[PDB]
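Report on the structure given below.
Each chain you see keeps its place in the complex, though not every chain is here.
When the chains are written out, they are named A and B in that same order, and each has its own residue count from 1.
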Amino acid sequence: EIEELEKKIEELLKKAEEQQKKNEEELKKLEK
Amino acid sequence: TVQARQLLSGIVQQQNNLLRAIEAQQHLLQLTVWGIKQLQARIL
């Protein structure tokens, strides 16, 4: 159960890192 | 608005991801709390 939690946490953080890049890209796009 | 809808969507999904990460960490923290208490009972 400790192993399953560490796996889930790292998975969510990797997912959040992907969306952070996506959000920064979209913010940059809002420019002209 | 109509522009930043895509960014707003990404931010909201980002908040869900952070929230779910924090909640998972809380379950882990809860486990480490009991692990410490069990050791305290065996040593303290």
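We adopt the following convention: contacts are C-beta pairs under 8 Å (C-beta built on N, C-alpha and C of every residue); 3 or more make two chains touch, one makes a residue touch a chain.
Taken over the entire complex, each labelled chain kind is present as follows: A x3, B x3.
The rule is simple: only the chains that are shown with their structure count from here on.
Between chain A and chain B, the centres computed from C-alpha atoms are 14 Å apart. Of all the residues in chain B, the ones that touch chain A in their complex are 3-4, 6-7, 10-11, 13-14, 17-18, 20-21, 24-25, 27-28, 31.
On the chain A side of its complex with chain B, the touching residues are 1-2, 5-6, 8-9, 12-13, 15-16, 19-20, 22-23, 26-27, 30.
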